[PDB]
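In structure tokens, one chain follows: the form deposited in one PDB entry.
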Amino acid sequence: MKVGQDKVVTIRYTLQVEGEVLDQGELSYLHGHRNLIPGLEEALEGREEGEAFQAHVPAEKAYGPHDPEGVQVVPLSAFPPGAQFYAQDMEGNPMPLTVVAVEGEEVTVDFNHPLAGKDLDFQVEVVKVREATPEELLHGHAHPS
């Protein structure tokens, strides 16, 4: 069958950003329940099982724009590039920061999601398409194999 609302879709994909691959594998998701990033799900819409395709999905339809407000300078004294800090939220739900630069007392931190502001490039194979079982529809997600 073909990808649509309430189908469980199994894809084999590669993900590349700025020309470099960041991730790959096989996943199964329930289509039409906001389980995938919007742009990818849109690109999958209507595809027949067995289809292969590329899809460019811009930041606006993936992990959203990079909030320049999420970049801040914190004191070196406040800490206990590429540095990932899982520092405690102020009220709940921690937010991983990543340091981009540090000069003296000053440290530059970033609250944004890693892929924020990034256009994503996907190579995709639609491996299987079937209808969701009633349990999957209840939980609102795929129960793979």
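The term rigid core refers to the maximal set of C-alpha atoms that superpose within 1.5 Å between the two forms. Numbering follows the first chain given and starts at 1. What changes on going to the form deposited in another entry:
In the two-part rigid motion between the two forms, residue 49 and residue 93 are assigned to separate rigid parts, each C-alpha being placed with the superposition that fits it better. Each of the two rigid parts keeps its shape between the two forms, while the smaller one turns against the larger by 12°, per C-alpha superposition.
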Contents of the next structure:
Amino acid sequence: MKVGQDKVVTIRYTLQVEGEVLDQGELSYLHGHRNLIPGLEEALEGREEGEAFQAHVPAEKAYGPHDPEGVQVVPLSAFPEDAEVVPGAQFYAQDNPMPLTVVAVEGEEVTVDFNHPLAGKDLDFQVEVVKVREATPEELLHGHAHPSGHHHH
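Following the display of the form deposited in one PDB entry, present the structure of the form deposited in another entry.
The next block holds one chain only.
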């Protein structure tokens, strides 16, 4: 069975950005419902069970460009008392939660980034297509594949 609209597809994958593994494992997803980044879904379209491939996905087809306006200076006083405010730390503002990543701390000022963590990055995937099956009515109703465990990290 080939990957296509309304199939539930199981893949194993490795995600690298500039030669570094950021994510890997196994997942199932409902194809054709914007559940994966568009460039990855495009690369998966028409693939067969048992087929391995590589996909280079430019930022535009992944998490989008990095907007300089998303990088801002905010007060250290805005962060929780029991917070570790250090580069890499993630926090939220409420707009729906808006995630931010701390990128620098300088005295009472903190530079933060509201961009997606992979904005502006090109993504390199190794993919194995493991299984392709029809979606159930419940999966179509919910717009995503049924839980099958947390098997990527």
